[PDB]
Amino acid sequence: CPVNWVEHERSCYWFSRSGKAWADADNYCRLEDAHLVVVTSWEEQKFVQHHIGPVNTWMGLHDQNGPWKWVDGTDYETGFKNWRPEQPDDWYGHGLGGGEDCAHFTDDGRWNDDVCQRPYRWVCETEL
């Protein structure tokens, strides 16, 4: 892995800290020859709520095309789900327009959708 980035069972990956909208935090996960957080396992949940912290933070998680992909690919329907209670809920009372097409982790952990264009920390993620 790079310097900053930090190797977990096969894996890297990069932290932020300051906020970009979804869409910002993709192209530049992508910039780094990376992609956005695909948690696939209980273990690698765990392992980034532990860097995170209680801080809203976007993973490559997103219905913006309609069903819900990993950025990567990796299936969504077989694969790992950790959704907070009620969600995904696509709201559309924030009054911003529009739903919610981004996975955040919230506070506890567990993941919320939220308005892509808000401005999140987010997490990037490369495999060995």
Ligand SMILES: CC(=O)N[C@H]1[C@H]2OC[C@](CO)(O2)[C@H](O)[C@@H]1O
The other form holds:
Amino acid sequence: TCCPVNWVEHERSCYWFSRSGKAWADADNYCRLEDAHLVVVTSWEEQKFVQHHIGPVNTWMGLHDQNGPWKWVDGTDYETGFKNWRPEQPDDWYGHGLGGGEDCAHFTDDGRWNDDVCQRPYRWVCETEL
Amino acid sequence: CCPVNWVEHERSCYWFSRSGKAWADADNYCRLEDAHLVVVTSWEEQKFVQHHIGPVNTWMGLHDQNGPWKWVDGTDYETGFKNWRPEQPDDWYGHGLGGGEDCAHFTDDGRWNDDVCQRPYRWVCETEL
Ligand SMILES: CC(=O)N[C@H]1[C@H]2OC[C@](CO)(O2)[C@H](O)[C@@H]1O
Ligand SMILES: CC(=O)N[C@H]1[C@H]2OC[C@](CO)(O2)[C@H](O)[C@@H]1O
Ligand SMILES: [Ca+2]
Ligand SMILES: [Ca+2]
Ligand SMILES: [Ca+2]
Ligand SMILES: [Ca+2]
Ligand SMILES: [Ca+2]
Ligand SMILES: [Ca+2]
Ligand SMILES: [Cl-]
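Now show me the form solved in complex with the ligand; what you just gave was the form deposited without the ligand.
Full assembly next; the chain just shown is listed first.
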């Protein structure tokens, strides 16, 4: 019916914006503990709203290809859904030399998306639907 | 003898990762091997590690998570070798990831920086023969 304290209501969704960083899997588990999920972006207006609140900061979202194809954490279909990748992304870059490609999506400093190493610590956003 | 895939140098055995881990994960990996994250105590050891890692950010066994700077094997920091980059350590909070910077790594020129412990970097394990 309503969002918990320190959460922001927007278009029937509640959002919590971290002010600290976590590896993607740890951010994912943090959102689950709160009965939420990492933010799932399905429109230009929702993208604009998230971008306004995070500012120019690398921030994890609930999109990954750890099991093969790109998937949203709540089952929202990727192929038929909203996409806002940065130019030349996703690229599954191995050149970071950290092992593996890049399997986790994050907003970049301009809001557009990048795939990065899931173990990098970034700020994240939780979302729950009313 | 050092184990297979380890490099012998001046009575120590070293293992150089080709993948990255958060400092506590790298620390756990080295202990599993009855080793410890590399402890650098001389200019010759520093030059040796530098040669094998190249210009890559790499964790070492030096941290200030519990207060003062400490080497993982109990080697005294104050009286020991130091090779910090200029203006380092700085315990930078500006990364916005939470806390300052408590873990030391070699930088692209071999000199040390303190950084966020949860950052995935390559690492070096060391064991003494
Ligand atoms: C934070 C960020 O945007 N990283 C990107 C960028 O840095 C290297 C790379 C390939 O050039 O582009 C690779 O795609 C990374 O994932
Ligand atoms: C990889 C690396 O050397 N990072 C450093 C460098 O980047 C930001 C900072 C302060 O400006 O300097 C801070 O000291 C970081 O720890
Ligand atoms: Ca949503
Ligand atoms: Ca990938
Ligand atoms: Ca990428
Ligand atoms: Ca040593
Ligand atoms: Ca510190
Ligand atoms: Ca620093
Ligand atoms: Cl990082």
